[PDB]
Structure formats: structure tokens, C-alpha cells
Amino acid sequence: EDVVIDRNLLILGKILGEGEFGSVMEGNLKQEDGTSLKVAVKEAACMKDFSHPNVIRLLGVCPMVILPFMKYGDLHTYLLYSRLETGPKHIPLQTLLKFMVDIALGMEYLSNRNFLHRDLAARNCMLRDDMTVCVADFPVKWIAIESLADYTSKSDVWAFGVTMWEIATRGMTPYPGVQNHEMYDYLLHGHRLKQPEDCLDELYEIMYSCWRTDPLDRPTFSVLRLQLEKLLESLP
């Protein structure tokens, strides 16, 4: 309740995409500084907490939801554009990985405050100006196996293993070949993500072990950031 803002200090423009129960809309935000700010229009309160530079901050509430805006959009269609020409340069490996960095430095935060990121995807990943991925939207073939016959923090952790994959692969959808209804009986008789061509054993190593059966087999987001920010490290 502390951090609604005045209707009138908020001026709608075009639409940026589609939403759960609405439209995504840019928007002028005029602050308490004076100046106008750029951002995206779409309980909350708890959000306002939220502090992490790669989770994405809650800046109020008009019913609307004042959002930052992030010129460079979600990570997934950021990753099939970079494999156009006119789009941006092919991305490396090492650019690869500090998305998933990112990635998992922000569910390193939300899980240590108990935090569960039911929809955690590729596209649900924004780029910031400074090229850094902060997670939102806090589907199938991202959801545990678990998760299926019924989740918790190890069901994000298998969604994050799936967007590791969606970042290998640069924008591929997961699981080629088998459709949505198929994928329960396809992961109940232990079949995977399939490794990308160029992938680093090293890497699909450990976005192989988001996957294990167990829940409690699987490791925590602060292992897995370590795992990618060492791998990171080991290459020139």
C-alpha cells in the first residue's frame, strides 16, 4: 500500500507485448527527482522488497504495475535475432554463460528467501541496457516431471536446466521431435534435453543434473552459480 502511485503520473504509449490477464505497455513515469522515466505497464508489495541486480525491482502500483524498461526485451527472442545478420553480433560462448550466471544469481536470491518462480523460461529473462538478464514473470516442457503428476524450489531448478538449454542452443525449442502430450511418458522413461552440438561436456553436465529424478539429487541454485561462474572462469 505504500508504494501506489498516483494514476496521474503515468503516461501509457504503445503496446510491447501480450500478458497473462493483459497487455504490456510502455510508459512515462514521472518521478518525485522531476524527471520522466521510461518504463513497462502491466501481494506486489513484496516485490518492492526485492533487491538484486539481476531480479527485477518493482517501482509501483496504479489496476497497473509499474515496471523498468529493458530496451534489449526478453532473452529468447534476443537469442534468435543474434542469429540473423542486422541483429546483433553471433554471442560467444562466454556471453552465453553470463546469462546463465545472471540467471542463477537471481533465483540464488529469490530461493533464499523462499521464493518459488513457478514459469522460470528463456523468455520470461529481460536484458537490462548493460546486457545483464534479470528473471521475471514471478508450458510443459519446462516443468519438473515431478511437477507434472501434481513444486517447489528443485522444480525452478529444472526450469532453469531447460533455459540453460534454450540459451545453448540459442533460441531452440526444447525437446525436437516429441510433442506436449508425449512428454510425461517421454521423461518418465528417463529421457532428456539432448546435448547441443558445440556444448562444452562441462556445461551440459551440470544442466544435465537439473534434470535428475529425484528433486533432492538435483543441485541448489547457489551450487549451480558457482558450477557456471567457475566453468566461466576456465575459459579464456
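Each form is matched to the other, and the largest set of C-alpha atoms that superpose within 1.5 Å is called the rigid core. Numbering follows the first chain given and starts at 1. First, how it differs from the form deposited in another entry.
Core-superposed comparison between these two forms: among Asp185, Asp201, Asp198, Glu32, the single residue whose C-alpha moves by 2 Å or more is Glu32.
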Contents of the next structure:
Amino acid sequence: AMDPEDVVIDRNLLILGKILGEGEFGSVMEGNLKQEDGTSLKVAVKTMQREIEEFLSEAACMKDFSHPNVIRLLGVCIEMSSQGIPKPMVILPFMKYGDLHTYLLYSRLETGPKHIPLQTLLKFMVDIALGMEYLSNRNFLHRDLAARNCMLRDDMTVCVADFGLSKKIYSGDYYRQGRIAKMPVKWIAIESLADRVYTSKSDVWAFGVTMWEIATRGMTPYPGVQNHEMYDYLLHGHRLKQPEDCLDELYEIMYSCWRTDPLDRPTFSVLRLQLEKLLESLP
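Coords for the form deposited in another entry, given the form deposited in one PDB entry:
The text that comes after this line covers the one chain and nothing more.
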């Protein structure tokens, strides 16, 4: 617990509020972070072997991310459960609107946000491509890019989030392998399905799936196809079908993310420019 990058926030400064989400590998909770001047701040808390010092170093590296389309880590708190075991807790800024996937579903209800215009849908994709272009430059592999892991800020801009399964290219990954094997198969590139080996081209494939999720307003990828058939399905050349009212140009941008050879897929900088140009060409 040396903490050379000063990422740890004193546990006494944090009071855990209500639970927002609960999964097999942890939970998201509301919280108040008592700032130095006595003012409490609204934050979200992510709760959960390998030496915890490595977790803090990765957290410290993400704390240095400065891009409006990438969530910013505030710090880490350590909790001692049952019989003296250090359990880290990621402190994130509180984001009212929640995840993009749920938001898209809510928009199809009379009570939710109004019908999302095509230009707003295309702007969500540009925001994700900008965040992914920034992470891609820093040699970061997200490895879990999906609309459910993109957060909506209060000003309605999207940011890429959920870096629990991330890895810097060339860095160690042994203690993440168990969690990687349980990842949803419908977002995984054809070459990564075989042994769960990822490249930046695996994130490009998942970005195309994320674009299709936004264009269909929250549909689960591949209707009619079960998870156990996914590898065979892609092996036969089949891909996500064109969503209704999706511009043929937009669908071509998504289809380029799913080319069999990872080297044939474009980069996030190319995708980002194509989406910004497509967005400019509309009323």
C-alpha cells in the first residue's frame, strides 16, 4: 500500500449511499466525498489475487486521462472486508443520466427522453470514436466497449467508461484472464473469440457493434442468434444487419469494423473523421 502516485483517497472522507447497479464482479453505489473545505461532493463508487499496488498504478494512469469523452477517475478507497483483506473502490464523478444503453431504451417510452433524432444518434457515435481515439493513442485496450459502458454526462455528451477489463498494450494480464473469459460474446471480434486475445482492432470491431446498438436504439446484437452459435455465425461470414432508416453510408462505416482480417478494419482516427464528415453533410 505504498501509493507512489497519490491516487488513494482517505476512506474516512467517503460515505456510501444507495446501490445503483449490482453484478457478478461488483456494484455501483452513490456516495459523498467530503472535500477539504467541508463540502460533500456527489460521486459514484465501483466496488469489487494480484498485488493491489498494480491496481493503484493503473488507477493513477487513468486519473491522468484528460479528454471530455473519457470518464475521469477521482481516486481509489481501500476497504477491509471480513478478515483483513484490501478491497479497492473506484471513485468516479456522479453521472445523473446513467448509461447510454438504458437511455436509448428509455427514449422509446413516452415518459423517457424524446425520440432521439438521427443527428443526435450520429453525434453519440462521434463522441465514442473521439474517446476511443484518445485511448487508442495512449496504447489502451478497452476490451469491453459496448453502449452499456458509455456514460451520459449532464450536458448530454457521451464518455467511454468501465475500465475494469482494460489493459495497456504489452502490460501483464494474468489476473484479468478469468474475467475476460466471461465477457459477452456478441461484442467480441471473430479472431478474439478463439482464445480471447485482443488488439486495438478488437476494440474497433466492438465500436461497430456499439454504433449498431445506438442506430437500433438499444436492441441486443444479432436477433435470432444465440450466444453459443456466435463463433460459427461469424465464421460463415454473417454480420449485424442494417437497422431500419440507417443511412447506407453509416452502415458502410459499421460494416468496415467487422472485416475478417483485423488489419483491414480502419483506425479510430479514420472512423472518427468519416463520422464527423457524415454528420456535417446533414441538415
